[PDB]
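Just the one chain here, the form deposited without the ligand, laid out as structure tokens.
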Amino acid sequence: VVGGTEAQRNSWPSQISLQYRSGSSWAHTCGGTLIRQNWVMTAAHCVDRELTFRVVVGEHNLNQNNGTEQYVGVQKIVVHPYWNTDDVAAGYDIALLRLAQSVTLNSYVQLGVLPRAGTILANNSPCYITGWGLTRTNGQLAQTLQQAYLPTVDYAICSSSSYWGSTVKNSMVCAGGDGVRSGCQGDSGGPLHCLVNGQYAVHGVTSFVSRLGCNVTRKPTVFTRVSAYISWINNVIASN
């Protein structure tokens, strides 16, 4: 997250860190959202590589013991069947991870609530992106979980020529684009939390930013629109 602030450690208890085994250690690669005690929602592109993955819930500082973490292996990966790694702009950038164990819920570990199917945010709706991704274009991962306020940019604007044009689809949500605050590498897969009727819900799964940089004016961060995938999510969970 470029232009973020440190999150309070109990603000975003559905946020997870998706990590891969790297030699004798683990490395953060993506975010995700805990949606059941044994299921995480992330981006498909985050699990393209043939790596050994784990999820960390209750994480705040990637580099220090928080005293709240639970570490769990990923047992099964279900990528959306229409995902094409050659074509992030086509959409379908969503995957579900079944965890090897069910995590225990507490103030640091909670299920993300998802929007009702079909919900579309009004332009300029209030949302926060969260994650441990790069804090500058071509920078380094955050240590501590970051948040940035990224109001939505509706489809009509986002898909206009000076924004993303044809690359953004109605199955996506755009947010930000002010040139200061954005998602960045390492935030992919994590949530966009939007305040609706008094309650934050996870409306987006971070999918992509510009190839020209993270915080680029009129290139808002692009998210998979969770409300387009409710039936898919429920079908996967019911059949696994």
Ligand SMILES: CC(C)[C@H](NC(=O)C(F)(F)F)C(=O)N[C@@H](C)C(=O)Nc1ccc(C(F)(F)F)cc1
Given for the second form:
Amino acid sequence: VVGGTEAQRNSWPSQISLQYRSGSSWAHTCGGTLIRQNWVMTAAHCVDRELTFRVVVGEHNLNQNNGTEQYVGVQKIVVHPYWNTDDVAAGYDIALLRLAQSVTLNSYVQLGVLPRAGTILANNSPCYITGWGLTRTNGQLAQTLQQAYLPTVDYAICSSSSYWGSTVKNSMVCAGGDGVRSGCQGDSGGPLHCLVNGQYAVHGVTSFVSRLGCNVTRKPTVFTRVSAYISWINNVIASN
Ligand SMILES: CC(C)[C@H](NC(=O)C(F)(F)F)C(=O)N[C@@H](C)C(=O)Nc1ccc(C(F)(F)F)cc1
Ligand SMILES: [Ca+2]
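Switch from the form deposited without the ligand to the form deposited with the ligand bound and give that structure.
Next comes the full complex, and the chain you just saw is listed first.
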């Protein structure tokens, strides 16, 4: 997150760290939202290489034991059948990961509240992006969880000339674009939490930023609109 601030420890307890293996060690590659005690929602582009992944729940500082972390293997990845690696701008950037075991819930590990199908937020709706990705364009990973208030830019403004144009589809949520705050690499697959009737629910799965850098004026961060995928989500958990 560029222009963010650090988060409280138990602030966003459905945030996870999606890590892959490097040698004996593990590196954070993406975020994700715990949706079931054995299922994580993340972006499909995060599991496009055939890596060994793991999930870390209850995480706050990546480089230091917090006393709160649970670490579980990824047993099965079900990415969206229409996802195409060569074209994020087509949309469908979503994947579900079956964990090897059920994580234990406590005040650090909670399930993410998903929106109702079809739900579209109004322009300038209050949302927060969370993640351990780059703090500057071409910078480095945050070691503690960061957060920025990232208000939505609705579809009509996001797909106008001046912003993302045709690159953004209606199955996507835009948020930010002020030139100060954004999501950035390593935040991919993470949540956009938006307050809806006194409940923060996960309306976005971070998908992409501009090629000229993370915090770019009028290129808001682009998220997969979770509410366009509620039936496929539900139909995958009932299958597996
Ligand atoms: C999509 C992810 C690999 C990568 N995502 C992120 O950085 C994220 F964290 F914001 F989600 C990304 O946007 N990286 C930038 C550097 C990039 O490649 N952006 C990009 C934007 C649009 C398009 C296009 F037009 F094809 F859709 C292609 C690449
Ligand atoms: Ca830690």
